[PDB]
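Shown below is the structure under consideration.
Here the complex is missing one protein chain, while the rest keep their positions.
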Amino acid sequence: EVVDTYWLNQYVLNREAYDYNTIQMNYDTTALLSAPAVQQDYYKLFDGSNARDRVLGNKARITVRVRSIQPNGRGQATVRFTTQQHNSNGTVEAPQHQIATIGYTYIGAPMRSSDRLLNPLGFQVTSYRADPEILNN
Amino acid sequence: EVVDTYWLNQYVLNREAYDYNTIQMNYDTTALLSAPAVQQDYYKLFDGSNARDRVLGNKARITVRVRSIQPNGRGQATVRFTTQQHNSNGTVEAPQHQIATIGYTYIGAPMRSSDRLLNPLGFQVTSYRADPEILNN
Partner (left out) sequence: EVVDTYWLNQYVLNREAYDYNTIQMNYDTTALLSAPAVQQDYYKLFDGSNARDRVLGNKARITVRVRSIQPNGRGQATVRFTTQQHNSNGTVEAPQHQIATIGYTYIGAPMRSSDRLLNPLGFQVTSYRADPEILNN
């Protein structure tokens, strides 16, 4: 649980977050921690006219933080986290709450210096979804 | 070597780097990966009139990247990395080259959710120094 929750946290934070200035590392890291199917789903978020690269670009940024992760089975865990948007005019949008479900495995140590210094454990997401949390409190 | 080089990289990058917007996490992470002696040396960099918080503040930022890490013994490794300063006027200072020497151990898994989700392995720096690299090429 300790090791898996770390990877699940780092995966969600980097995947969901955005900053023009650091995204290249978060982008490559997310891919490094994703199965090709998952990598493609992720890559597509930066494509077309509605691309994160065009919508947020260098005008707005996304901050992500994980509150709690609890494994529930055989390659599966639930991640409870929040997200918020900041921008160039100094304003901040109200924070949203989201929950990710992550299917995962490990593929063992990678054999490239550019990969082992980022994901030595071989963490890999095989399935991913994240829905809005409804705060029925 | 794979696991230790990761921790040594993340330690140096977060320790040496600075961004008003993300430093609270890098600051706490550095402390989490540092022996109290080391933590104090680090904390002091944010103190007084020459504090990183006042010198860089929200006017300038530091970008750090590690090129190569090679362990050399019994709790000791050499980290070769670069650093550069960016600012609010859109300018960039010439990059500098530096080499860190890190003495380290591991203290095992921590027993707080706020620590295990950042340093589950227990990485801890017990000694740290970083000098300018002289590019006698």
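Quick notes on this one:
Letters A and B mark the chains in the order given here, with residues in each chain numbered from 1 onward.
Simple rule for what comes next: a residue touches a chain if its C-beta (ideal position, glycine included) is under 8 Å from a C-beta of that chain, and two chains touch if they have at least 3 such contacts.
For the omitted chain, the shown partners it touches in the full complex are B.
When the missing chain is restored to the complex, the residue among B:72, B:89 or B:114 that touches it is B:72. Shown as candidates are B:21, B:82 or B:126; the residue that touches the absent chain is B:126. Within the entire complex, the positions of subunit B that touch the omitted partner chain are 70, 72-76, 78, 101, 103, 126-127, 129, 131-137.
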